[PDB]
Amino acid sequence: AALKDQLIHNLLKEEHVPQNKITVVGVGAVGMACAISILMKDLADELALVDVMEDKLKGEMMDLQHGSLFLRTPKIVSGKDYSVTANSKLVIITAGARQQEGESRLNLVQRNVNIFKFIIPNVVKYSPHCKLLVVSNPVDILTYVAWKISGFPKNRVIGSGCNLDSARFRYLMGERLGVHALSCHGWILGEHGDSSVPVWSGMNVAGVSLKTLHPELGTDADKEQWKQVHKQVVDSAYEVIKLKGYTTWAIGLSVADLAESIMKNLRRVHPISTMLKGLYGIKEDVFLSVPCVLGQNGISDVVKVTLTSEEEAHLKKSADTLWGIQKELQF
């Protein structure tokens, strides 16, 4: 017969069900950065890519497949049709609406809701037990949208939130102190972007609190302008976009880190976006970044960080704003 039949003797015709499947939605720069980072960390036995642009999609898939020899992820698949995403343990959403000049913020968000209205039900249909990881911006709001539309319990809908911002923060701390980011500890919480909260009290190296050694840390009396470091974190995003057009690599790595905690059930603590109703006097259905314990069931626990009245107020303000927008959305 065929060569295959002359060479290989088959013992078992069984249809495969993947054990550790991950799906990435959106094959723009961010999606592809997430994909490659995941592939290089051996987190999945099957990777699925979905987008609306069929050509780009197929091309990215082929490019990855050609590298199979150098990978340990035996199956990479793609398609416009969400059936290819079946049985994902984790689905990462990077797709969004592309911005129009002169469009209001509310309008942009609504257009994303309309996109998610197509995406989410299709995801849930084929992977009813998956965890959702939302990366698209604005992340805290779109994580809420995905939660609402999916009908999943809140532990299973996760926003990337301030994971990357905290990583940037630690990198910058490390630059100033001459130590690796891994050994600098610091937390950025709340709303992703301009209104994030740097928790000065918690900043340390080897368990030595910086605020104790330098009490003006994070104030304006601060002659070393540490307050600037936080501003720098917020600005660096735009700085990079101004320079190369967009951001990709850092987000990809940050997302893969989250995926690792989930796929391996590590129960590490990450500053990620979860529903916060009932904490710090927040009474609305909003998602904000707090330190969360992350594992195979998504977010199981939250760490209660002790905040100053100023910081606590800053969070409530963010919650009010987010709710203000969310209440205006048409589902």
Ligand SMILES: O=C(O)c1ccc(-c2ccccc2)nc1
Contents of the next structure:
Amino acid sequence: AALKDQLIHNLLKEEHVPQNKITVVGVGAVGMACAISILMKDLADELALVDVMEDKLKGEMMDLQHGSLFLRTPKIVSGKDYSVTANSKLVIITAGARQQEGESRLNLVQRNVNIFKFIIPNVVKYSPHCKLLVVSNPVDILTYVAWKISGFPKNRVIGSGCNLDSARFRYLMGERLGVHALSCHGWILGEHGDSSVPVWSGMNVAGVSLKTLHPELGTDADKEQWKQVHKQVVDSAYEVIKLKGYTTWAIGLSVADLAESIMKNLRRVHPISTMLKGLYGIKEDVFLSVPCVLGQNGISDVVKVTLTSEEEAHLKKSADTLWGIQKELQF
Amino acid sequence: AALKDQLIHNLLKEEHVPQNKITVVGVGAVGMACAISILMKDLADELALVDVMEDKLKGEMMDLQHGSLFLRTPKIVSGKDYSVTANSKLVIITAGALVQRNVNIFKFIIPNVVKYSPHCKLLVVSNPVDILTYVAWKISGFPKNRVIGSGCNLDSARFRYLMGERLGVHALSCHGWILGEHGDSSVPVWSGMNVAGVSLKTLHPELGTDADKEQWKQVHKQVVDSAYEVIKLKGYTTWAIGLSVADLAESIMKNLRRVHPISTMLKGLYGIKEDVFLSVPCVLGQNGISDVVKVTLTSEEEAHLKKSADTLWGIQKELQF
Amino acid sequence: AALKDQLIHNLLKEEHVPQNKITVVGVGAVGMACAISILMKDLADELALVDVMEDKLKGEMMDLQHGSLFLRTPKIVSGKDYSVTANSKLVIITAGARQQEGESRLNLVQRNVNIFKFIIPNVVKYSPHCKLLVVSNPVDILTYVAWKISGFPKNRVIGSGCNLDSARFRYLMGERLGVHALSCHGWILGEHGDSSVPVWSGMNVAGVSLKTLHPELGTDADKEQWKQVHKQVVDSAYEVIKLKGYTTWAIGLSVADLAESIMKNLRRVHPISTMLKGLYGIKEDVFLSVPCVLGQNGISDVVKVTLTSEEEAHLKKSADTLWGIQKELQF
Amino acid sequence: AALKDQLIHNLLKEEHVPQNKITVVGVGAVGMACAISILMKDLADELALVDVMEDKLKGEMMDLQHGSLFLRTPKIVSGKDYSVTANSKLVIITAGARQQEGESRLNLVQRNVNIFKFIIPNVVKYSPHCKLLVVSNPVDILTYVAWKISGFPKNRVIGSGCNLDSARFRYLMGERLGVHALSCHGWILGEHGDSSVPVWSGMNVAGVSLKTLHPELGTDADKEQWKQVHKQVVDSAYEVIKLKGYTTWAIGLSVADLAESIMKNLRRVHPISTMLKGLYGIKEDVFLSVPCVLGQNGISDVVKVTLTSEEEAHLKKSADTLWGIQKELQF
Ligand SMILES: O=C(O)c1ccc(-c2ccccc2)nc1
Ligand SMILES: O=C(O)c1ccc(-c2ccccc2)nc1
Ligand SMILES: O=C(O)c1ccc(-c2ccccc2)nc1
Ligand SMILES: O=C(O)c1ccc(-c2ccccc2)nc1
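Can you give me the structure for the form deposited with 6-phenylpyridine-3-carboxylic acid (6P3) bound, which would complement the form solved without 6-phenylpyridine-3-carboxylic acid (6P3) we have just seen?
Below is the entire complex, every chain and molecule, led by the chain shown above.
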């Protein structure tokens, strides 16, 4: 009698269980950039969104759903209750507090810790086996906080870390050199941000080391000021925030790329933040960006880059800073 | 010599004439959704963004540029000056403010567009879209095949999604057309709704009427209201409109000749005698709209289109260019 | 210290389990067309190939593997031993014998049964939960054979059936109308091949019924002879075989499209062959093509097309003929 | 009134000109692998095939056309007559004479030269401004022949060169190290074939030089025998031919990737053969593979790789042997 039933004969009951589900936590501008980038690359057969702002959340979900004709991701869901995130292979954390003025660093972090104490247990409860990917800043610290709270082995807790900044570096490199970023290679490692380390000895096109051609590369004795590009990279995000208010598109694309490696088990190497106690001369429980092999089991291996003693010292300094801070957090 | 020249021997004096360039005018939430959707579909070898808000504009450009490693569009440019848009195949208009005001705005945007891309196709998304497509058309001087309104494209996609939810199948497999004037006055063509060539109206003759126990009529209402419901929740809409626009971009750039519910100057057809744009099923390719399907309409569906034409013309009569 | 261990520090011990594995059985031209199309649509994270021709098999695997740089499917495996197919979501059967001089078509069918008696139990053993998609001809009969041998519920055994033929029909429709195949709708249903049924009443563009515009559509009294469009469809495989000796590309593309719906749980409606006893007036255990909702559990629902009395008669006759052949096969 | 005219009202009476047309010359297994890969990457709005085997040609065209529903390339054409190739952006030559015996090299080349004397003039007649991409072996010599016959400037005449062999190298590299080929970097340069040059110095993951971790890399004294990996690349085509009779998929994928850089003006660096007189110590009109910037105007720039004296002389010798043969060609 009903039209559906007149039109369609049902032969199979529902067993409905997601096979490649991704959850994004937080629907601010970064969260939604990750979401659209992930939808348009067909990485998931289901997408879930969660946030505390219920109207905003429902709106974003609906807008995405109205695009269904143009996507190959058949199920998009959302809710404040984390049961909608259940059985995710990958859960991306973009939520957090924004540093107020006068706040102080340690105080900003703690407020983010307090948010994660609510988020992380809810993620783990409904997706015990997922990979966690943290994007919230400061990423290296907050990836640690998510690791400790979730109880997950280190291979399953990832920080986007320096992934986008390495992408920005390759872009600026390509602009100076007149070739596409895809063909330009450079690595930024360590602590996300201004303390991050541009590995000059690895920068090359077509296997041709720029440092071998141009020995001054990276020093202050450089007429071409290539050391500036790293600073350009670091500065360029705050430049963008100053211009449009925030950044979204690039980080979203960045995160989708990582998600691809994970969902398809590509085992590509990305500069991302991993718990590297024991490597790179690091002694504390700290996340730093190093070239990681990324696949369906998270970070399985790490490339041991050969660093100068200065570069090694930089990583140690950041490890001390990060640790000193984490030592003062309330969990 | 410079490091670049130690690394790279140049063999050709490079001339950059973009071959598959697309411009988005307006970097609001709609314009930027179009941009990112277009970028992720690999439709252009160059993207230009233009807006009057210079800081916002430069910020959006830089943000997209930073994602270059993950894209296949080698050049992204922007500026308030329209030289940056030069030689575009397709220029998508998302800027706007009424109507005589938009006329005044378009009186600046469109001639700037035509000056730097004399041969481009125009795609207007700005509301009220049927009227502004007419405006952009008159000011442009372009023949009608080259000026296109997003029209009922998204609302059809919304309708098809809601059809899919009700039937338990993907929107791709649910067919249905919303035509005419974009918005509250649009026409849900009940007679064409079908899955796998099976008319819903033939199975269920009450489809779309008040006596319809399933209230399919409310589905069209829900479509007409959905933008409003989404704005109420998040403040605006973006993703779906951007996706629907990139899909039109795709048919154009790849000369697909797919059929879309978009707004075209339909004088001479469907009984209309004025210069107005309404959504009908249009064949869309590298030359824009070259053909339209003649939907068989009920006598009152027809009178509904004629009414929208007189409504649009009534407004269009006033304006001055 | 090995170069690998010098370069890369291992942090995890992988027990590799494929999450979106597809297997193609038979690396003839049809099988390798399915394989390349599936690879270029990023539908799987692992591809396995099996065939009895061991050299040919290894050669195809290696050729595909040499392309890994340009693909996003990290693992391509092969072997005559079906352990390589273990834990496949989807297994595509293109293996078959070709007729000799010589033998009747029935005798040719039985030899394909004997081939399936070997393949199907091996497939089921290593992938108990997979869906089966049978492409080998005659496809309605061989899909039934696979159903029977496998013991799978009907929702999981799918025949490619009239999927390609409908695609061909839509292409020829679009050539006549000056519109892309994506916007021309029309269905070829029933038994794959000569006896297939062009459902004239369903043919439309933008929801405008051609039949209503042109009541002669598909009749002998039709001055535009649209029936010849169906005849072109029925003959197109033969025509391509006369010119190039076989067909590959189109069937491969049409199979990858079915694979997409399955791997991504899209629930798109495809004209494919399904066990339809109990529907469409059919009283026998036969597979015929009807519009099927295709997803991760295979065929969950079928659309009930309104058929004329003469159309129902063609289907029933097809069911009789199919069933008649099936009783004569040795299982 | 015809059904078409009842259904569709024509508003525009317009003409032809394809905007991103690609032509493939030769519908052997290589040309068709190029074609399907190009079709599935959405690189063209029109595809033309040409070959002297008219039935085969028409068969392949039809087979591809039947897959229209599943593609986004609206027009596929073919003909023995080159007018079908008019206004191509890019023309890919995969036609050539085969090997028999008693190779007076300047014979199975001079015969290819006589074949090109027919093809290339026809190509340039209908596409005066196309880029030429030669894949036929021997590729460095045949790219020179097409360059001479066409009258084209060197930037627009390209040979596939060592592009696939580098991809194979990066694949084998990935297998040894446990990471995807996309993250494994290495270049094979110079004369395509046995005499190609593995550039040991440039091989790396994430900017870490393997030669620097492992100085013996590439030498006979290499305990890990990485020299054999290059030899394995040089032999792989022969190994695959031995197994399946030819190679197709890998070369096709590699060629489509060059086509992408051209059609989208990506300016990526690929190891392809380019007329390198004046560079790398060479003074003759020959084509060798070096890292090239590839865009909408073909090869506009070359990367100058730092070579060992041993590597340099190896390239110089290749140049002289190529010229030695080219001298003896009758045009
Ligand atoms: O480096 C950037 O551009 C960058 C990185 C992270 C974020 C970010 C902002 C809010 C919430 C989560 C992440 N924004 C910008
Ligand atoms: O139907 C909608 O949701 C819809 C349509 C157009 C627009 C739109 C808004 C501003 C500028 C251009 C276009 N927004 C929403
Ligand atoms: O309709 C066609 O073109 C068509 C369909 C199936 C097959 C086919 C041939 C051998 C093995 C398996 C399948 N060939 C051609
Ligand atoms: O290296 C290879 O696998 C390889 C390269 C070229 C070709 C090739 C063969 C015939 C015509 C054109 C190109 N085959 C194999």
